[PDB]
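K.L.:
For reference, the chains in residue letters:
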Amino acid sequence: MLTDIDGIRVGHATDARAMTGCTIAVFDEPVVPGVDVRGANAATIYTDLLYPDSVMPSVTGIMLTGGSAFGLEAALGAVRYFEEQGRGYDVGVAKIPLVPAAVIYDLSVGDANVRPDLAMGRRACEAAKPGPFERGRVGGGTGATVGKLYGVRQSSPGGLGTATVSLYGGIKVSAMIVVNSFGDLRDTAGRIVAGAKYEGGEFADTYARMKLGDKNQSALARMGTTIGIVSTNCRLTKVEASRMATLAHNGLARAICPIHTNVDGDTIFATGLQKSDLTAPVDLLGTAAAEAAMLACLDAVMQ
Amino acid sequence: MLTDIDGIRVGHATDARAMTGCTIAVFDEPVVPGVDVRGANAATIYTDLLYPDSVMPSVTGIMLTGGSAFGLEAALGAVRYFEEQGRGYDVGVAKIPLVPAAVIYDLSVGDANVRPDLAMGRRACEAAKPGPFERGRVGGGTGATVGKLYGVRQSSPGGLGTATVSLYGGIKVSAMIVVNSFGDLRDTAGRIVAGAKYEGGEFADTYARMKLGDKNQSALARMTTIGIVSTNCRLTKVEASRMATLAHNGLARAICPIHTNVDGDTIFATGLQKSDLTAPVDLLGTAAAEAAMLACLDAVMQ
Ligand code: NA
Ligand code: NA
Ligand code: NA
Ligand code: NA
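Protein chains in written order, with the authors' numbering: chain BA, 1 to 224, 227 to 305; chain AA, 1 to 223, 227 to 305.
Just so you know, these hints were derived from the structure itself, not from any lab. Wrong hints could be hidden among the right ones.
[Claimed, not checked] Which stretches of chain AA does chain BA cover? Using the computed rule of at least three CB atoms under 8 Å from a CB of chain BA, they are:
1) 63-75
2) 87-98
3) 135-148
[To be verified] Examples of chain BA residues toward chain AA, derived with CB under 8 Å:
4) 41
5) 44
6) 48
7) 68
8) 76
9) 92
10) 107
11) 110
12) 112
13) 219
14) 221
Backbone N, C-alpha and C fix where the C-beta goes; we use that ideal spot for every residue, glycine too.
Isolated chain BA (complex conformation):
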């Protein structure tokens, strides 16, 4: 539950008919951001300010949205909304909010002509609230699918998941993940819980089929995705935030196979608190972020 971290509110905007939507995490307390874009087919916005060699931005919120490249328009809708509310970096003649975002491809399910736009991004902001939020095929995970080796027709449903890992001294590391992965989802044992299926419904084991010569038949296979946020209540520097985001990808490799493929835009945002008394080594937080991300992946398909 990402809202376990102080100052975080989560809001969904869902279109059940078109099978698309977006999800925003709003930070009522200033955060220290980081990012790691590992997929070879990612579409993001505002990520340059999330790197250690960039200045400290004023991140108002982070959004996970559907609609492929078109869906980033919902991020601008969040920016417009937050400026109206008086949030963002005070430049004197205006306030400049910042809403980094990453997308998943969900156009092959439902209505391909409906994507999150300025209005839908605003609706998610209006709905952002503390406490527990809904999981599953909601918000950014509404049109998510898992295991597309044989196309979306033989895939399993994806979704949005979340999980919290507790450490000592009140330290917490939480994750919220939208699973739209090309590969299969496995548990800690190794059994397939979601992925590419044969015509009758049995799981085909994507990786085993590719080793035998089965070719990628997904919509984006001609040119040559799992996105999420990991948050902790510890104080972090910019380097530590980006290192946390990098180590969190190890959790995706735990549950998803194959991962980081040429059709995946896998991206992990990471946040710490600017003002906080809790501190911990970055390798423990990064390992805890990997577990939280792995647990949130399974939560996305069991909810």
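With chain BA's structure known, arrange chain AA with the ligands on it following the hints.
P.N.:
Relative to the frame of chain BA, chain AA with the ligands by itself:
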């Protein structure tokens, strides 16, 4: 003239009252893209697909826009226009165009509440045409200023510039640059031609003043030069990104200081996918640096 390269069209959308705008370069011939974000304060979109470790995208156009972080909306206005025209990568159920973009901060001049949006992003695509295009305070350079050590009121006007460098065998390297730099602009002999000015006098020499202890008073100091370099040569993704990296050396020759904490300096680089012209990338990158430096001076000569 960026349109010296095959298949490139350029369109401006200018609001002379609000002092903002945007410029798009449309690629009618398939291109190989690269990027180098060197500034510490950049706001961009769709740049991840421009790196060598990413798949080959279908770049429909590249935008240079004002409006600070808000102005990236104009890039999505261009995406909507291109999908209506039938351009973009075909997934069967739709076509997905791609318009990477970078912004400059121009809110402290003119109307701060007017920024490039979906509509003016679309208008810029409607104006795209081959041949020569206007330079100066037009399009993305409409509200550009140079030399903001003492704030925008003691600055010089910037703008949009362009230049073409010719090499052997019909090879061309062209650049189009929006100069909104924090530092001063100098010519090939070292004369200050644009930059921060004293309260009632000459150029202050920004670098010399900060060495003496003058503090940055720009609006973003509590926490830009963007452009495109293009060649008619065939390039791989690595060579395109290497061309963008070397092009920044031309920016360093013209502007000082450069790549500061208030600059979002970004260079896009393109080569042709189908072309029989080839050349060493380090030579093309050096010509790209020269073209970028000449384009900086062109922006203030108009
Ligand atoms: Na959909
Ligand atoms: Na995807
Ligand atoms: Na302006
Ligand atoms: Na700027």
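K.L.:
Of the numbered hints stated previously, which ones are contradicted by the structure, given in increasing order?
P.N.:
Those not satisfied are hints 3, 11, 14.
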